[PDB]
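Model the placement of chain A' with the ligands on the given structure of chain A, informed by the hints.
Number of protein chains: 2
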Amino acid sequence: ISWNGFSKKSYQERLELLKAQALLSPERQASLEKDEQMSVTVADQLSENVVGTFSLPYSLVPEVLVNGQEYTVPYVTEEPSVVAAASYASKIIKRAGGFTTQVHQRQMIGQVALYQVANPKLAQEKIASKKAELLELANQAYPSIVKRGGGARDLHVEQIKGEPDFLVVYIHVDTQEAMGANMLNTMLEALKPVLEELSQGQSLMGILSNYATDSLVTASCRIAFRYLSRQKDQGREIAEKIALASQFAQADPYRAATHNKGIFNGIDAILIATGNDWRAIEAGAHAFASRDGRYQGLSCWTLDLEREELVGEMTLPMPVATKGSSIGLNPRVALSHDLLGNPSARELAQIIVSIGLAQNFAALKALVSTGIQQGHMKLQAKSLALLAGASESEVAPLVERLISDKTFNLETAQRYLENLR
Amino acid sequence: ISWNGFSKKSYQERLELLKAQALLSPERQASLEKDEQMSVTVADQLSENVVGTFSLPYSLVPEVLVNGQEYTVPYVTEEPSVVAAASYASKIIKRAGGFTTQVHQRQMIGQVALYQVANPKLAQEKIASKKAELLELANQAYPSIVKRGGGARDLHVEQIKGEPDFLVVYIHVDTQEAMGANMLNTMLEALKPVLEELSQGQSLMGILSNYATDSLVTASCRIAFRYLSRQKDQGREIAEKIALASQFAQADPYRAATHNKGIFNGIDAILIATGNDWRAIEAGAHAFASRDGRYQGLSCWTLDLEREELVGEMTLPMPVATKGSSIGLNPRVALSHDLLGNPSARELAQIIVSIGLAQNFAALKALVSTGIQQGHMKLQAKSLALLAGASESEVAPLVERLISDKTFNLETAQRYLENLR
Ligand code: NA
Ligand code: NA
Ligand code: NA
Ligand code: NA
Ligand code: NA
Ligand code: NA
Ligand code: NA
Ligand code: NA
Ligand code: NA
Ligand code: NA
Ligand code: NA
Ligand code: NA
Ligand code: NA
Ligand code: NA
Ligand code: NA
Ligand code: NA
Ligand code: NA
Ligand code: NA
Ligand code: NA
Ligand code: NA
Ligand code: NA
Ligand code: NA
Ligand code: NA
Ligand code: NA
Ligand code: NA
Ligand code: NA
Ligand code: NA
Ligand code: NA
Ligand code: NA
Ligand code: NA
Ligand code: NA
Ligand code: NA
Ligand code: NA
Ligand code: NA
Ligand code: NA
Ligand code: NA
Ligand code: NA
Ligand code: NA
Ligand code: NA
Ligand code: NA
Ligand code: NA
Ligand code: NA
Ligand code: NA
Ligand code: NA
Ligand code: NA
Ligand code: NA
Ligand code: NA
Ligand code: NA
Ligand code: NA
Ligand code: NA
Ligand code: NA
Ligand code: NA
Ligand code: NA
Ligand code: NA
Ligand code: NA
Ligand code: NA
Ligand code: NA
Ligand code: NA
Ligand code: NA
Ligand code: NA
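Chains A and A' are the protein sequences, given in the same order. A prime marks a further copy of an entry chain.
Per PDB author numbering, the first sequence starts with residue 3, numbered consecutively.
Per PDB author numbering, the second sequence starts with residue 3, numbered consecutively.
Just chain A, same shape as in the assembly:
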C-alpha cells in the first residue's frame, strides 16, 4: 500500500493509513490513537523537581530504505519542513536503491586521568604489562554484561601533554544494547586504586567518553542524475552544485556548522523518538567533525561522471541504545522501537546515520535550487531592475514584466528597461 498523499491527509486519515500499513500491534495502534503520553508520575520517576510534562510533535518519515530493508521512521521535531524534507529525501534515495551502511565497531570508551606521575613512561609500561589482569578486574566488577556476551575488551595508556601532563588510561568496552555509562563508571571505579598504585600517581576522574570513536557507522547513497531532475541536463547541474556545497562545508567553518546542524535536525528527531541521549550524539559527532584540525562538514557529496550518479557518504560515532530508562518508561518511545521492527542498537545506528544523510541531501538540494517563492521573485527582479539602471518610477513596471517571464537575468531587465525608455 502506497504512502502517496500522506502529508496532505488529515491527522485522522494519517492514522487510518498507518493502520492499513499494519506496522503496529493492536495495543500500540490504540496507544497512538488516544495519543498516550508519558504521565506526570513517570516523568517524576525520570527527572527531579518535576512540576509537569512538555510535549512536542510526533511524525513519520516513510520509505527509509537501509541495506534493502524498508523502515517507517519516527521523528520528534518542532521545526517546520524538517519532516517534509526528510520524507522527500527518503523517497528519492529509495528510488535510487536506498542506503548502504556498515558498523565499523561498537564499543564504548571510558577513561581514567592520572596526574602527579613522576615517571610516565615507566608507569605506561607497568600498566600495559598488567593489561590482562586489569581487564579481568573490570569484568568482575560488572558480571552481568559478561554473561550477556559483552565486557571490557581492551585497555591502553597514553601520555597527554599540557599544563600539567596527564597519564590517561582508556578502556574499550562491549556494552551490547546499552549506552553503558553506569557500566563504564563502575568498571573505572574498580580500576582506579590499582592504576594509582601502578603509576604511583593520583586519579583525577574515571568517566565514560562521549567521543565515541569505537562506535563509527557509515552510510552512503548513490543517486542517478535523472532522479535529481527529469529535465535533460538539469540533473547533472543539481548534482554539481550539491558537490560544490559539500566542498564549501569542508572549507568554511561558518558553512560547516549550518551543514552539520541540518544533519542533526533529523538525527535528534529520531533520537528523541527512540529515547536516546541526543546531547551525547551531538557532542561526539561535532568533535569528530573537528578531527583534522578544522571544524568541517560531516558528510561528503561527490560525482561519478562515468555512471552519472551523485554519491553521498557520512561516518558518525553512533553509540545508541535499545535498553534504557526512557525506552522502558516513555510509552511512545516503546512504540517507536516496535514501529521500527525492534532493531538492535547496531541496526538502529545504521538507520540514524542514513536519516542524517537523507536530511543533509534535502537541505543541500533546496539550497542550490533556483526555483523559489513568488515573494523572492518580486525581490530578485527588483534587484536586477535597479542594477539595469532603473530610477524610482521605473522599478514597478519593470518588475511586473520580469515576473511574467518564466526565467530572467540582468540582460532581460536591461532589454525591458530599453523598451520602456
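Any given hint could turn out to be false.
In silico BS3-like pairs for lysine-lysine, Cα to Cα no more than 30 Å straight-line [unchecked claim]:
{"no.": "1", "chain 1": "A'", "residue 1": "21", "chain 2": "A", "residue 2": "380"}
{"no.": "2", "chain 1": "A", "residue 1": "149", "chain 2": "A", "residue 2": "163"}
{"no.": "3", "chain 1": "A'", "residue 1": "325", "chain 2": "A", "residue 2": "10"}
{"no.": "4", "chain 1": "A'", "residue 1": "325", "chain 2": "A'", "residue 2": "149"}
{"no.": "5", "chain 1": "A", "residue 1": "21", "chain 2": "A", "residue 2": "10"}
{"no.": "6", "chain 1": "A", "residue 1": "380", "chain 2": "A'", "residue 2": "163"}
{"no.": "7", "chain 1": "A'", "residue 1": "163", "chain 2": "A'", "residue 2": "128"}
{"no.": "8", "chain 1": "A", "residue 1": "380", "chain 2": "A'", "residue 2": "10"}
{"no.": "9", "chain 1": "A", "residue 1": "325", "chain 2": "A'", "residue 2": "380"}
{"no.": "10", "chain 1": "A", "residue 1": "380", "chain 2": "A", "residue 2": "21"}
{"no.": "11", "chain 1": "A'", "residue 1": "380", "chain 2": "A", "residue 2": "132"}
{"no.": "12", "chain 1": "A'", "residue 1": "10", "chain 2": "A", "residue 2": "325"}
{"no.": "13", "chain 1": "A'", "residue 1": "408", "chain 2": "A'", "residue 2": "380"}
{"no.": "14", "chain 1": "A'", "residue 1": "96", "chain 2": "A'", "residue 2": "21"}
{"no.": "15", "chain 1": "A'", "residue 1": "36", "chain 2": "A", "residue 2": "36"}
{"no.": "16", "chain 1": "A'", "residue 1": "149", "chain 2": "A", "residue 2": "380"}
{"no.": "17", "chain 1": "A", "residue 1": "133", "chain 2": "A'", "residue 2": "149"}
{"no.": "18", "chain 1": "A", "residue 1": "128", "chain 2": "A'", "residue 2": "380"}
{"no.": "19", "chain 1": "A", "residue 1": "149", "chain 2": "A'", "residue 2": "380"}
{"no.": "20", "chain 1": "A", "residue 1": "380", "chain 2": "A'", "residue 2": "128"}
{"no.": "21", "chain 1": "A'", "residue 1": "93", "chain 2": "A'", "residue 2": "21"}
Distance ranges between label pairs, derived from CB positions [stated by the list, open to error]:
{"no.": "22", "chain 1": "A'", "residue 1": "82", "chain 2": "A", "residue 2": "131", "range": "35 to 41 Å"}
{"no.": "23", "chain 1": "A", "residue 1": "146", "chain 2": "A'", "residue 2": "422", "range": "56 to 62 Å"}
{"no.": "24", "chain 1": "A'", "residue 1": "374", "chain 2": "A", "residue 2": "164", "range": "24 to 30 Å"}
{"no.": "25", "chain 1": "A'", "residue 1": "239", "chain 2": "A", "residue 2": "41", "range": "20 to 26 Å"}
Since the hints were made in silico from the structure, they are not lab data.
Ideal Cβ positions, reconstructed from N, Cα and C, are used throughout, including at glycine.
Then chain A' with the ligands, alone, in the frame of chain A:
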C-alpha cells in the same frame, strides 16, 4: 519563601510551593496544574506527517542568580540527576553571589558563496566599494525589522581557499528578538543577483550561518573555597581538582566531548522549555569549541589562591529568540517565558550560558569527589585487597573490615591482611 525540600516534596506539593512563590499569573498557574500540553492540532500546524505528540518531563531549577537578578529556570530533560545537579550547582553559586554576565554582541551572520570568479581580489574590492548600497538593498528587502530598529549592519567579503576556491560574502544583521533565519535568507536572495554581477561569478547558495560569532555571551562565577566544603582544607582540594579537570578538557578531545556534553544537558533543557532551536545552539558552540585547531572544553575553571576562590568562565554563541512559532504555539513554552519574567533574548542568553556553567560545575565537582556509593566501596576495597596480596578466600573478610572504616587505602588493606595472616 524558601525552596528547601522542593525535590523531596510530592508533585502536588511542588505545585503548591510554586504557587506560594507567586511567579505565575492565575491563568498560567491553572494551565500548569492541569498539565496543559501542546495539542495534536497545534503539533499538526508546526510539523508535517503528524500522527500525535511526544512528552518529556518539565522541571524547575530554582535560585539561578544572574547579575543580581534571581530566576526560577524551567528544564525539559529525560536524564536522571540533571535537574538535581543544576539545582545544587545553582544554590552554591547563589551563595557565592551568583553569575556575572555580558553580551558582547547580538547579530546574526548570513553568507553567500560565489564560485567561478576569475578575479577574486577585483571582485572583493568591487563588492566592498558597494557596501552601503548592498546594505540598503538588504534592508529594503525586509523593512519590518528596520522599523523595529534592526536590519543589516555590515558586510564583508573573504577569499576562502579549497577545491575549488570560493568568494564568500558575509552579512551581519540585527534581528532583534528573532533568530532571523527567514529574515537573513530573504535579504540574501535580494543580494544574490547583484553579488553575481559585481563578482562576475555564480552564486552557490545564500543562507544563515549557525556559527554565531556575532552572538557571543560570557558567564562567570566566583566561589569561595568554604562553599565547596566546610572541612578545613578540603575546599581548596576540591577547587584544585576542578581546575585540573578543566585543564584536562583542554588537553584531551575524549574528555572535551564529555565536558561539553554535560554543559548541554542543561543548555538544551532550557532551550526546549523556551521553544528555542537547540540544534543551532549545539552546532555553533561545538564549532566554537574547535576554534584554536583542537576540539576543547567550552569552559575554564581557575584558582585565585590569594582570594581563595574558584573561578568559572564560559563564552558561547547564544543567538536565542523570544519570538518564534514554538514560542507562539506551545502553551508550556509561553509559560516558561512568563516564568522567567519575559526576558529579552539578550537576557535569556545570559541566563542560558549561566545555566551551562552551573551544570558544568556540578558535573566537575561530582567527578572529582572521593565519597561514593556503598556498591563502589565494596568494589574498591576488593581491588585494594587483591592488590595487597590476598588469595580467593581472603577477599571477603578483608573487604568487611575495610568498609567498616571511614576511609582506606592500600596500606590499610596491607595492614589488615597482615593481621589476618
Ligand atoms: Na507520547
Ligand atoms: Na521529580
Ligand atoms: Na507542551
Ligand atoms: Na530511503
Ligand atoms: Na538499501
Ligand atoms: Na518500520
Ligand atoms: Na515531528
Ligand atoms: Na517538521
Ligand atoms: Na557497545
Ligand atoms: Na564512547
Ligand atoms: Na566508543
Ligand atoms: Na577508537
Ligand atoms: Na569505530
Ligand atoms: Na556503532
Ligand atoms: Na551507496
Ligand atoms: Na554545505
Ligand atoms: Na545539512
Ligand atoms: Na534548519
Ligand atoms: Na531522548
Ligand atoms: Na526521549
Ligand atoms: Na552536546
Ligand atoms: Na556521537
Ligand atoms: Na557519542
Ligand atoms: Na562536507
Ligand atoms: Na552502534
Ligand atoms: Na523520553
Ligand atoms: Na505505546
Ligand atoms: Na503512546
Ligand atoms: Na529496538
Ligand atoms: Na533538511
Ligand atoms: Na506542556
Ligand atoms: Na502535519
Ligand atoms: Na510521550
Ligand atoms: Na545561582
Ligand atoms: Na549575580
Ligand atoms: Na523567574
Ligand atoms: Na526535566
Ligand atoms: Na533530571
Ligand atoms: Na540579532
Ligand atoms: Na549567526
Ligand atoms: Na552571529
Ligand atoms: Na564575528
Ligand atoms: Na560576538
Ligand atoms: Na548574544
Ligand atoms: Na563572576
Ligand atoms: Na573536564
Ligand atoms: Na560538564
Ligand atoms: Na551526562
Ligand atoms: Na525547541
Ligand atoms: Na520547544
Ligand atoms: Na547540531
Ligand atoms: Na551557538
Ligand atoms: Na548558533
Ligand atoms: Na576546559
Ligand atoms: Na543573544
Ligand atoms: Na515546542
Ligand atoms: Na500556558
Ligand atoms: Na501549559
Ligand atoms: Na521572553
Ligand atoms: Na551536571
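Verification of the supplied hints:
This hinted pair does not check out: residue 21 of chain A' and residue 380 of chain A have alpha carbons roughly 53 Å apart, beyond 30 Å. A distance of roughly 38 Å separates the Cα atoms of residue 149 of chain A and residue 163 of chain A; the hinted pair therefore is violated under the 30 Å criterion. A threshold of 30 Å between alpha carbons decides the hint, and for residue 325 of chain A' with residue 10 of chain A the separation of about 28 Å falls inside it, so the pair holds. Between residue 325 of chain A' and residue 149 of chain A' the alpha-carbon distance is near 16 Å, which keeps this suggested pair within the 30 Å criterion.
Under the criterion of a C-alpha separation no larger than 30 Å, the hint pairing residue 21 of chain A with residue 10 of chain A is consistent with the structure, at around 17 Å. This hinted pair does not check out: residue 380 of chain A and residue 163 of chain A' have alpha carbons roughly 34 Å apart, beyond 30 Å. A hinted pair counts as satisfied when its Cα atoms are at most 30 Å apart, and residue 163 of chain A' with residue 128 of chain A' qualifies at roughly 19 Å. For the hint pairing residue 380 of chain A with residue 10 of chain A', the CA-to-CA distance comes to about 61 Å; that exceeds 30 Å, so the pair is violated.
Proximity of residue 325 of chain A to residue 380 of chain A' is assessed by CA-CA distance (about 27 Å); at most 30 Å being required, the pair is judged to hold. At most 30 Å may separate the alpha-carbon atoms for a hinted pair to count; residue 380 of chain A and residue 21 of chain A exceed this at roughly 44 Å. At most 30 Å may separate the alpha-carbon atoms for a hinted pair to count; residue 380 of chain A' and residue 132 of chain A meet this at roughly 22 Å. For the proposed pair residue 10 of chain A' and residue 325 of chain A, the alpha carbon gap of about 28 Å is at most 30 Å, so the pair holds.
The suggested pairing of residue 408 of chain A' with residue 380 of chain A' holds, with an alpha-carbon distance near 13 Å, which does not exceed 30 Å. Straight-line distance between C-alpha atoms of residue 96 of chain A' and residue 21 of chain A' comes to about 22 Å, which keeps the hinted pair within the 30 Å bound. Taking the CA atoms of residue 36 of chain A' and residue 36 of chain A, the gap is about 18 Å. The hint holds against a cut of 30 Å. Restraint check: the Cα-Cα separation between residue 149 of chain A' and residue 380 of chain A comes to about 21 Å, which is no more than 30 Å; the hinted pair holds.
With a C-alpha separation of about 68 Å, the suggested pairing of residue 133 of chain A with residue 149 of chain A' is violated against the 30 Å cut-off. Proposed proximity of residue 128 of chain A and residue 380 of chain A' is supported: the alpha carbons are some 25 Å apart, at most 30 Å. At roughly 21 Å between alpha-carbon atoms, residue 149 of chain A and residue 380 of chain A' fall within 30 Å of each other, so this suggested pair holds. For the suggested pair residue 380 of chain A and residue 128 of chain A', the alpha carbons sit about 25 Å apart, so the restraint of at most 30 Å is met.
A hinted pair counts as satisfied when its Cα atoms are at most 30 Å apart, and residue 93 of chain A' with residue 21 of chain A' qualifies at roughly 21 Å. Separation of residue 82 of chain A' from residue 131 of chain A is about 39 Å and conforms to the stated range, judged on CB atoms against 35 to 41 Å. Hint check: residue 146 of chain A to residue 422 of chain A', Cβ distance near 30 Å, so the stated range 56 to 62 Å is violated. Remark: the range hint 24 to 30 Å for residue 374 of chain A' to residue 164 of chain A is upheld by a beta-carbon distance near 27 Å.
Our hint of 20 to 26 Å for residue 239 of chain A' and residue 41 of chain A is violated, since their Cβ atoms are close to 44 Å apart.
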